[PDB]
Amino acid sequence: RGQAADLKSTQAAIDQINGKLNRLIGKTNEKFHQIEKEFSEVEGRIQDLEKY
Amino acid sequence: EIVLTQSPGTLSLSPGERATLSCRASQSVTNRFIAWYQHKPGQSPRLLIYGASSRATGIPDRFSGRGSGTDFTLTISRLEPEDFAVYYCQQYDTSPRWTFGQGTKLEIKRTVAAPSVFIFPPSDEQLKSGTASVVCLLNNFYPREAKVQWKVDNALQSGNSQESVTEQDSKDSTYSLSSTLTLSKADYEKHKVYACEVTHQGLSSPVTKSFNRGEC
Amino acid sequence: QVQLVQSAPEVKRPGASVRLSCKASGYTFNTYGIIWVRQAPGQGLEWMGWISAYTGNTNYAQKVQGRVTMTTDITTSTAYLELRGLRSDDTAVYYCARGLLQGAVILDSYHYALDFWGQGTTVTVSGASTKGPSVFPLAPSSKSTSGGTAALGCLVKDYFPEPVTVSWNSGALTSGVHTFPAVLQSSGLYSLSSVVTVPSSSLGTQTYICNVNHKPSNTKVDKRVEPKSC
Amino acid sequence: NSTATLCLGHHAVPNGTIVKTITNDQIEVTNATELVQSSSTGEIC
Ligand SMILES: *[C@@H]1O[C@H](CO)[C@@H](O)[C@H](O)[C@H]1NC(C)=O
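Chains as they are written, first to last, in the entry's author numbering: chain B, 361 to 412; chain E, 1 to 216; chain F, 1 to 230; chain A, 8 to 52.
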């Protein structure tokens, strides 16, 4: 009895996984100035809209 | 392909100043790729910044990388003499492919210096061979921008000369240039006046060095 | 430590084939690929191709797809680049940096970049015959050439192929010595000029001789530099 | 003489566009159409 590994298939599947990972982790969304979600008081109308 | 364009192509900056190098991508690429490399003259290229902002092992913390999408920048602070080199920028295609950058040259250190101009007439032995070479030398001049025009009997000569320049001298950070005029022996004998004219930023008036054939 | 040792400098005739070797030490060879990038004279780095040690897969640049064949050898961690149909534009310095990790999933971008680089091998392709240099002196000019500065030099002309090593007075003179980069003449033979600045007074006192070595031709020529007198 | 052979194949083209499956950022295809309009005549109807 003996054991050996097929390198080509392993690396093909790993390459697919690598491309998937590259398409997810790398991206960065740049956003500077926004609305405020923390409200100190009760302001009625405008608070409800932006919270929604 | 994904062509990369490097902004400013040549940058001059005194030691101890921050420097910003720009790499502009034709198409948007994830920050995962687009690493930054250093090439020192006569030496194998080195990796400075891998990924987008990560610092490679053994790289001084003064080096920093940043950027997104089309625009990527490399920032160097507290510029030291080790840093002066050419810098390159590259990325990766899914099928392994690595488009590089044109090259930004960090020729730096200042103090405008006037060139010292000398002219060397052809030797007699070279004349025996049948080819004549006139050599005009510019020594210890900064900046590297200089213009040399060849004048034979007050006649401009184009296409019959070649030029060679040394790198930055470590001691004084100055350049040196050599212009060689190649002619046949008969053409050399046909004229009596030979001169090279040098125009430089340091020289307010262009400086011309000349010799007369058969007269030392 | 992780180290990459390349092959030796080579000279080839146009239309021939050249093989280049790259050897890896320290890191496990099968895990990372070997990527070849070249620098033509006065040109930026140019990618050529990628070979894997895990898989046999190869990817080549479009400009050299037909002419390039790349191979790998597990024993002992040696990558070979063969370029056929050599052309004058192929004169360049070829580097072999370590490539992508072909053994496992990849999250660090360190493996997605070239990190450890070899010294590089210079390949010069030209039809010129190997030729020893001819040394013609550049004489100190009359009128002292300047009040206190005297310039003298040696012209190294019609030599093929590089390199040449030039020393002045057997290494005694190391101050003010400038050796300009060679230029490729139209004839195809490289030419170079070396000059040095010495005090005007010392022209009589010291004899100045330039030493030129051309190992490929096995020719060494020493020429005395003196002011011409009439 | 005796014994023949039958092969089974798919078409291809010299010029094909590039598309992005989930796994591969670059995979070539025979013919494709864009889904985003990006050019305008500059006139109102
Ligand atoms: C391929 O098809 C595109 C789409 O019409 C066209 O623009 C291009 O010129 C064609 N040829 C090549 C070599 O891409």
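Misleading hints may appear alongside valid ones.
As the list claims (entries may be wrong) - Simulated pairs of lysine-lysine, DSSO-like, Cα-Cα distance not exceeding 30 Å:
1. E:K185 <-> F:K220
2. B:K397 <-> A:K27
3. B:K397 <-> B:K387
4. F:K228 <-> E:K192
5. E:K192 <-> F:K220
Unchecked claim - To give an idea of the chain B side of the interface with chain A (calculated C-beta under 10 Å), a few residues:
6. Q363
7. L367
8. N382
Claimed, not checked - What follows is a set of in silico ranges between Cβ atoms, one per label pair, in the way DEER data are often shown:
9. E:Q102 <-> F:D73: 53 to 59 Å
10. E:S170 <-> F:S217: 30 to 36 Å
11. B:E396 <-> E:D169: 56 to 62 Å
12. E:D169 <-> B:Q394: 34 to 40 Å
13. E:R55 <-> F:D89: 34 to 40 Å
14. A:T48 <-> E:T75: 41 to 47 Å
Please keep in mind that the hints were generated in silico from the structure rather than gathered at the bench. Just so it is clear, CB atoms sit at the ideal spot from N, CA and C, and this is done for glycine as well.
Hints versus structure:
Only pairs whose Cα atoms come within 30 Å are accepted, and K185 of chain E paired with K220 of chain F is accepted, the gap being roughly 27 Å. Pair hint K397 of chain B plus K27 of chain A does not hold up; C-alpha atoms about 37 Å apart against a cutoff of 30 Å. Between the alpha carbons of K397 of chain B and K387 of chain B the distance comes to roughly 25 Å, so the proposed pair stays at or under 30 Å and holds. This hinted pair checks out: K228 of chain F and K192 of chain E have alpha carbons roughly 18 Å apart, not beyond 30 Å.
A distance of roughly 35 Å separates the Cα atoms of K192 of chain E and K220 of chain F; the hinted pair therefore is violated under the 30 Å criterion. Below 10 Å, beta-carbon pairs count as interface contacts, and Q363 of chain B has none with chain A, the closest being about 29 Å; its hint is therefore violated. Of the supplied interface hints, the one on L367 of chain B is violated, with its beta-carbon coming no nearer than about 19 Å to a beta-carbon of chain A, more than 10 Å. For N382 of chain B, the interface hint holds, the least distance from its beta-carbon to any beta-carbon of chain A being 8 Å, beneath 10 Å.
Separated by about 35 Å at the C-beta atoms, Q102 of chain E and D73 of chain F break the suggested range of 53 to 59 Å. Distance hint check: the CB atoms of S170 of chain E and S217 of chain F are about 31 Å apart, consistent with the given range 30 to 36 Å. The hinted range of 56 to 62 Å is satisfied by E396 of chain B and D169 of chain E, whose Cβ atoms lie roughly 59 Å apart. In this structure the supplied range 34 to 40 Å is violated for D169 of chain E paired with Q394 of chain B, their Cβ-Cβ distance being about 54 Å.
Between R55 of chain E and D89 of chain F the beta carbon distance is about 36 Å. The supplied range of 34 to 40 Å therefore holds. Checked against the hint of 41 to 47 Å, the pair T48 of chain A and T75 of chain E passes, with Cβ atoms roughly 45 Å apart.
Checked against the numbered hints given earlier, the structure breaks hints 2, 5, 6, 7, 9, 12 and satisfies all the rest.
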